[PDB]
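Only one protein chain is missing; all other protein chains are in place.
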Amino acid sequence: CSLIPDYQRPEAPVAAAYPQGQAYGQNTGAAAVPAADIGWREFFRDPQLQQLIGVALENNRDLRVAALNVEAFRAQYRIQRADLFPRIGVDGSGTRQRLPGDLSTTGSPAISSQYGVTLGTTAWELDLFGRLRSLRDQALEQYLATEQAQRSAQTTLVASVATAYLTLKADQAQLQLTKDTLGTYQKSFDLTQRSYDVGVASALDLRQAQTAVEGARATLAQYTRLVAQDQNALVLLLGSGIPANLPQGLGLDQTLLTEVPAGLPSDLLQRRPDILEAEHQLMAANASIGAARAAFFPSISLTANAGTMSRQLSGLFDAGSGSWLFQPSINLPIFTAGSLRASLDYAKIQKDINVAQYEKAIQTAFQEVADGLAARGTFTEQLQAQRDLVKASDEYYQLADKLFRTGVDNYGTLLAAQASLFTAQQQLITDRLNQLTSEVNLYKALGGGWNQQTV
Amino acid sequence: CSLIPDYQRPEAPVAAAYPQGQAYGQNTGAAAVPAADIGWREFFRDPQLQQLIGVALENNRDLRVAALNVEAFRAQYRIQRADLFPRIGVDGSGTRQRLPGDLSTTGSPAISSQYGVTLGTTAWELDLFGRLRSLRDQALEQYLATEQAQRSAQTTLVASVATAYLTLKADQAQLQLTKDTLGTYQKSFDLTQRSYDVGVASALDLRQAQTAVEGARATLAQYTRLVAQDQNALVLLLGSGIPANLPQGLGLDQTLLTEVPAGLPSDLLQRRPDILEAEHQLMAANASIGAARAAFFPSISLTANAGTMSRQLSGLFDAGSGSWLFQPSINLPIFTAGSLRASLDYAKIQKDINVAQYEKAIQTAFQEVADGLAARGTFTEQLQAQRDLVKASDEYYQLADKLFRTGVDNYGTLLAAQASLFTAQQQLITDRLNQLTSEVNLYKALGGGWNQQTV
Partner (left out) sequence: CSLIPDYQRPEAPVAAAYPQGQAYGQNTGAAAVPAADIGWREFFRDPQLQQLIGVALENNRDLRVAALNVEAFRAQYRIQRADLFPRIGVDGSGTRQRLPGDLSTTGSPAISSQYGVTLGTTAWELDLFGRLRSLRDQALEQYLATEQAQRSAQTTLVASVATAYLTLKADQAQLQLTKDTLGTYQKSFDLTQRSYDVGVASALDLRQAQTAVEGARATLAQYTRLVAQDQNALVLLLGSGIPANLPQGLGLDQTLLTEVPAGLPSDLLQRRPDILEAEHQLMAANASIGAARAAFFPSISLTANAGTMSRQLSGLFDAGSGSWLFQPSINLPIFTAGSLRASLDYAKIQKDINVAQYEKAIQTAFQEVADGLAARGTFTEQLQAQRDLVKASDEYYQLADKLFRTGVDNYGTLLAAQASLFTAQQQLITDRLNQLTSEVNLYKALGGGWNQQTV
């Protein structure tokens, strides 16, 4: 039999729909092709990024450990499943003992002997009330949870590799922008030095140009270091070296991702890996509850063997030395100071803990997807405003430069316009990077890229 | 008996008083009503924040798991306490075996049988030297440590909910400030466009106003996203949806907290939950030391039953088939290659580890409270200086605007004054948020809000 209680999946303690407001667009509703089914080969349009994600999937050591844990829990489940059948082996027993007079069968001190070679099982637990079967089902649910954990680990690895790639590309763009601005500042400083050496353009302008040049140089060194360290982080995430014949990657100013649907919050209960991991852990706790109650009921043991026995060692395997033993045992606990009841309470408490953790996983998934949706709703406006800011700063800088080539305006306003333009372009690169990272993390939260191609 | 060593609480490896310096006010000394006794209903003056903290206490899943762990460790302690009494059950045993001639009692191959149904205990460990009792005391101290951990978890949850609430309110204030500044910039840009279309006010001023407008727009989008995500984080911390009929909350510019006394560092040894958790873990290690030494002394086992026995199955429960078994056993370890000594060394080492962890908990509490006191000592001056900076920036902006409505000054100085005022107000909001968060974290470090009302 089985004393495992019925499993009822708890209600999702989240809102029926994703949040709405000044930062959220209209709820799209139920999705035909959910986010978890959109393969990462189609979500990420950059072919070099796709090849890097493949190299990471095949070489990342953390994902390797996450995949091997599934094998380990499968082996543990197979052990627990084997625990049901009798362990049949060959038992070779010998006994030789001296007994005093009052204990020996002859009345005087005597040396008795007894030898046996038998085949059979010792203390086999007949699982009549489903204790070992409940433990086996618990192990099976823990294995399924480990499999879901491996899927979640793959989604996390894909998201992290994409984030590292985009961060390296953004820092390379920043480094190139700093190169260009430093070259412009150095050209301007050389012209101002030529002017200063012939009495024109006071030291003030020369010192101003020198400050600009040195600031650009420091930023150049900083961004060089950042690019090198981003490459290091990408190599670490890949688990292997960067291939030499990578395809041509797409720039930040291009469409890098396919817009992924949000779906309903109920899609997380069936599509997000860690939620299913928590659910399988809950079902494992349920099976453990079953195993714990199986302890109140009678336990049945069987010791059964057949073979040869003799008083002499020379009498072993002789005709007529055959023997067999059949020993059933039934035990029924009557008084366990509170012990079985406390164990059952512990099992119930563990199931409640898994319920709470499953509910919190649902809530965390909801929060992360809602943050991703807020990012999707606001980053378009923020990037458009930053585009317009960079454009207007460029127009202002061009007007100041045209009013400076004519004696109209001075050098300080021109340098201020240059600095504002540089900072605006930096912030534009940063906002692009943040938008892309937010979309990648939303893709990971909705279901990730467990599938390579769209199913 | 009991071989558990005496417990002596280690001296607090911290200073007798909290640090003093340019950032710390005068030490208040011993507090009449300590910080841990001040309820969170009285520490937090915002009624909406109080209702949110209540909803979080009743719905947060992490606190639910922390409370269920106390139940689980209570069940484990009850199991260990039950382990002391004999496990009395009904044993039904059967035996049927064929023996060869030289081993059977008849001289020829014979099939012997034996059946019994008895009531009693098997291998009951008479806890004469306090091994099981020491294990039970270890389980009890671990349960008390779990209870202290639940209290610490509640304090952490209260602090986190308050921090999320204050962060959401501060970002909403930032969003409103950005709305106002963007409206001002748009009005100014429209006036400058009207002027530019009639020959007055050169393109330079128009491009300047456009840059200001676009920057304000980007900041607006950013703060909208931040407010949405802060609401998401608050909802996650609550474990439930935000109620609709919440009371009227207080603004950041109002008195939100009651100033909490610092007390002496010795108050942490009796009022902070995680320190008591570490202390209970240490006492559990002490009881484990007792259980480990109980192994060198003689162990006593008892197998005692009474019931019916027979050679035939039909002879069971017949008159005259009564039987009883009394089997005492005493074992004394003589030679254990180093095994018992190494186990005792392991127990002593575990107690030393718990001592070190208790001392480090004390030190961490001291460091956190000292950081909170430095924040209390410096944030008043910083906020006053920021108030005066915002005031002087407003005066400068008004003077520039009055010198711009008259042809006196130009547009660039006015826009620079506006930008400085906006940044000063942003920094004022940020400093208010940081002061409030520091005070909340100091309240959590001193003892938290385990009590709802002041005891």
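Chains here go by letter, A and B, matching the order in which they are written, and residues are numbered from 1 within each.
Assume contacts are C-beta pairs under 8 Å (C-beta built on N, C-alpha and C of every residue); 3 or more make two chains touch, one makes a residue touch a chain.
Undergrad: Which of these touches the unseen chain: B:9, B:194, B:360 or B:405?
TA: Within the whole complex, the residue contacting the unshown chain is B:360.
Undergrad: Among A:29, A:94, A:247 or A:298, choose the residue that contacts the chain missing from this document, as touch is defined above.
TA: Checking the options A:29, A:94, A:247 or A:298, the one contacting the hidden chain is A:94.
Undergrad: With the full complex in mind, choose from B:203, B:252 or B:389 the residue touching the hidden chain.
TA: Spelled out, the listed residue whose C-beta touches the missing chain is B:389.
Undergrad: Could you please point out the chain A residues that touch the chain left off the display?
TA: 59, 61-62, 64-65, 68-69, 71-72, 75-76, 78-79, 81-103, 109, 119, 203-204, 207-208, 210-211, 214-215, 217-218, 220-222, 224-225, 227-229, 231-233, 235-236, 239-241, 412
Undergrad: So that we can see where the missing chain sits, which residues of chain B does it touch?
TA: The missing chain touches chain B at positions 13, 15, 19, 21-24, 114, 309-312, 315, 320-339, 342-343, 345-346, 349-350, 352-353, 356-357, 359-360, 363-364, 366-367, 370-371, 374-375, 377-379, 381-382, 385-386, 388-389, 392-393, 395-396, 399-400, 403, 413, 420, 427, 431.
Following the convention adopted for this analysis, only the chains that are shown with their structure count from here on.
Undergrad: From the mean C-alpha coordinate of chain A to that of chain B, what's the distance rounded to whole Å?
TA: So the centroids are 24 Å from each other.
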